[PDB]
Amino acid sequence: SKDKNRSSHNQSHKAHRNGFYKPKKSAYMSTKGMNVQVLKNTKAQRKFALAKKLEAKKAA
Amino acid sequence: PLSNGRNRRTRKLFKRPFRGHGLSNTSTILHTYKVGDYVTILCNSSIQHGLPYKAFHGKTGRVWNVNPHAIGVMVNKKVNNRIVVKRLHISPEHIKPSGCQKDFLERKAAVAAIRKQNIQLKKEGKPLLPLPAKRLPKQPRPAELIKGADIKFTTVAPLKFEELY
Amino acid sequence: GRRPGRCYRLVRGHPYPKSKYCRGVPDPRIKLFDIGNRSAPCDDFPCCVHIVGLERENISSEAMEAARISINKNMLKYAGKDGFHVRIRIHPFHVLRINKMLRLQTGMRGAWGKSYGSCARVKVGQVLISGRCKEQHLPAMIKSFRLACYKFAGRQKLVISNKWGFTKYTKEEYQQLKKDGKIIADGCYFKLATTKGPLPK
Amino acid sequence: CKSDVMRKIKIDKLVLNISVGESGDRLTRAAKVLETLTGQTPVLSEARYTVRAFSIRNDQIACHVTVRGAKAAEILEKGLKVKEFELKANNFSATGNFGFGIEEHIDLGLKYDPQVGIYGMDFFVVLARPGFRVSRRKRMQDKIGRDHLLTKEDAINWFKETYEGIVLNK
Amino acid sequence: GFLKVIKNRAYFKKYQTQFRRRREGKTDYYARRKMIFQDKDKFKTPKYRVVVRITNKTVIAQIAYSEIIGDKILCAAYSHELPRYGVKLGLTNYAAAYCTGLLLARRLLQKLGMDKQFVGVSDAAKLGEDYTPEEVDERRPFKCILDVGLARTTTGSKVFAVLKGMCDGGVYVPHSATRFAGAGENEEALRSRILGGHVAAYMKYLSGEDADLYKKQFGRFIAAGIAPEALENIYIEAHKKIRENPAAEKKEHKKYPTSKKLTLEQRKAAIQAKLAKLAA
RNA sequence: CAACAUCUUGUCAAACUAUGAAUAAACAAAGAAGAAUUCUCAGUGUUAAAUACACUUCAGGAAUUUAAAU
RNA sequence: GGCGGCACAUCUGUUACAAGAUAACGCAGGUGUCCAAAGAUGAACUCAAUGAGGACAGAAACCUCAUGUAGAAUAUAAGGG
RNA sequence: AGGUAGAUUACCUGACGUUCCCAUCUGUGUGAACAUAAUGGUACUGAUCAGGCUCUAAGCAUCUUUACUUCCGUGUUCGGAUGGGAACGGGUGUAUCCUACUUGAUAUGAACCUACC
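Protein chains in written order, with full-length UniProt numbering: chain L, 2 to 61; chain Z, 2 to 166; chain F, 2 to 103, 110 to 208; chain U, 4 to 59, 61 to 174; chain D, 2 to 251, 255 to 283, 286.
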């Protein structure tokens, strides 16, 4: 009882019904695995800006 | 029926250009890549270490991270019915600067040059120049008149068949 | 036991030449491809005719051999040994496969084919056989060419070229150029007078 | 002020080679005869291809050595007096070198010993001109010009002058 | 006859020429691209090399960083300008190689202005021992790689006499002191060879043996009246006079045109003239 | 003679190829949120040192123009 | 169906259609290993072949010059380098 | 004009010859030490007696090659579409895209930083 093995027939029509789901913008903004020193520089500035902001919020 | 090897079907894809073997340029390793740039992945079979997968050959991507010896590249891959984001790290021997925005960067400079003169013209009170017109598909040609003194006529008719033997 | 000619007539499949992968190919039946006075200079035989195939099909090496013999005997009969030079312009570079069926210990459709023979995949308008002669033997040359076509399949066409004996130049172009020295005989063909390279002394 | 001084032909290298198939004892003696003949230790050559006809790849077969300068000249004089300055015209290469081979060696026949044996050497002479270094230097290696390169007749004239030895055309 | 020349058009249609400078035998592109590769995360920050080349008569030394347009030379010091500092003869010695390297180190720091805080070693007593320029206050020294080219780096090579000079000049060139004139013996061997001691023993040796050999090898020294003992003191003053004025120095050239090309008219006219004279 | 060179000649390749389409593949044609400029400008680090350069919501802040870019 | 074979885990070229995917008990072959060096690095050198020479030595032994885009070698199948 | 470093990697290569060297470069002299190998041939070091002989660089040739241009030729092939013709085999018309080999004409390098002339 041999059977047909494989076909691509009707596979592109199926794929375009709910068509190619593009990724959102947040998919291109990931920073996991970036440069180690660049990450250190960015974190150092963010901690500096945040501390200044919270100090000012404490004064008022 | 092929085998599922990593570098299957690359007798012609991974061959070097005719009379283009040996070492590459020096511009390839001296070109400076910055984040946000557009690059093209081009596997160099001459360098087998870190060779990118053959499915990314010819794809255009964007630089997302610069590491001491490798340049991060982010391309788009197509899956069953969706698209995923692929993040690779490729040495400059396998990538190449992309010219995809070369024409766009020309219009940006032309507009910026015009806008730079407008702040001068508005400062001095003169009317300001307009920005360059937008690109349009080849438009229908207008009415034209052809002078009758520098015109020659060539008669066109079906050609009598002649045997090629 | 040779299969009917209708089994291997249509041009089917990729070309299958004899190479390091295809072994055990029977030798082609045809071995001579130039007949007549093959060494006659270019100016001896001005007349030229062709056999032009009008079908896309296989021509087996048996048909080429059966036709070369037919023209050779006929042209020796009518013109003589030195009166003609007929060249066959198709070679059997294709190998046909046969899957032979012999009890109940037979895999029925589970097998490939063995090398069977040779043929040339011709196309429409291709020149199959050509030949050259003088004016005094053209009628005997055309007659022997018609008889050869009975050894082939499909439909053939006899064409009389307006050129010289296997040269691309027409009858009057050859006369003018040769008298100008642009044409240099080489025993059986010519060579154009080159106007390039180092100057002589 | 003529530049003829920059085209003076001179000996630049002389090679003596003894190729005997056997390895051991005789080769050790065949190496010692070159040490006495020239003055410097030779280099033992290995078999490039194994051939059963010659009973020969890892094994030492030959032992060649090259001498240059004044030492090369005097050994050439000894190897040419055996031939009595008689070199055939067909002994000269197309590139300006010549060579020959001998069976007996004068060596030291006073205390000649059969244990050492009898060996035959071959003499090959490589001539040159001042300026031939451009093909041998490490940096900016180039090719010598055709007119600067020697030829068979160039070597013949040198031989018939510096040694007066006539050349046979037989 | 039998030729079988492998130079036909079939050979050339597939021939692939090497890089032009490698075709000249002047550049090792396999090692050049190792010294040329700046880290990608250092955008356009120059990487400096000491290009040391020694000809038959002069010791060239330059400081170059590479760019796509070509190589740019930050500074360069030659040995043919050593006569301005009191060294007339022997411009390619181990001593003159040291002076050339020292001059470049002082000349460069003057250009960048950092010569006050980086002085290196100066006394002749400490010529033989290794010295690596170090951090001053919190300012790092000028770092520069050594480029040797197709020169074999033996255990006494001159290209390490230039390198030793720069380090004593205050420029940091990474190195190991196992290829200097020492690496065997001690600082006295390096120091003596730096002062021309190896040179200033041959004439004392040669004079004892022969007078013609002495005259043939050191002919210009005899005319200039430079004794084998004055060599040591000459190089001491050259180092002293270098550290106080390394700032380089300031007509129209006389060209010599050579052949010039032939235009299409002259090129075509000759062929017709050659064809005419053959119209034998 | 052959043989080997060399200049022509006729016919070829799914597991030969210099060259190489048509159809195709993946980008760009203005989203840290619709541009641009000017002034001001900090934290880390690169750096010989930086006023260079990199990242930091084109760090951040304020003015002027501005809805244009098949 | 059985007997035969493994298309059952797996690699190369081709079928295969110049993106990716991609059939048959399609075609031509391959794997269950081998390596303290055949891993890492530094230096030097240039391979196969051909022409011309050199005692034995010959078409095949070893030496020298010249030409030599890899026509050699790189553990293995094939394809890449 | 020359030399060092290069980027483009034959318009830069290969063969036949030709032109200067005034500086520079090269070739050239020697082997004491560092260092070098069987060989001061290489590489290393010391030098300046001579030379444009080679290199290098510049130019020549109905030169091979290579790089642009036309032509080959809208010819090969190709996407879309018949109740189009043919027994097959294969080959139209329509609205479109359009190579290659070859041949002929031209060229035989452009350009960057430093020093010296």
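If you are wondering where the hints come from, they were derived from the structure by calculation, not from laboratory data. Hints are not guaranteed to be accurate.
[Stated by the list, open to error] Computed cross-link-like contacts, DSS-like style, restricted to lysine-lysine with a CA-CA straight-line distance of at most 27 Å: (1) L:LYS44 to D:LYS45; (2) D:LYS14 to Z:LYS13; (3) U:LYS11 to D:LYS14; (4) U:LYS75 to D:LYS216; (5) Z:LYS127 to Z:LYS139; (6) D:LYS272 to F:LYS203.
We went through each hint and held it up to the structure:
no.: 1; hint: L:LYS44 to D:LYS45; in the structure: holds, 24 Å
no.: 2; hint: D:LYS14 to Z:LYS13; in the structure: holds, 20 Å
no.: 3; hint: U:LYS11 to D:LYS14; in the structure: violated, 40 Å
no.: 4; hint: U:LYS75 to D:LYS216; in the structure: holds, 26 Å
no.: 5; hint: Z:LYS127 to Z:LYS139; in the structure: violated, 34 Å
no.: 6; hint: D:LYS272 to F:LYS203; in the structure: holds, 13 Å
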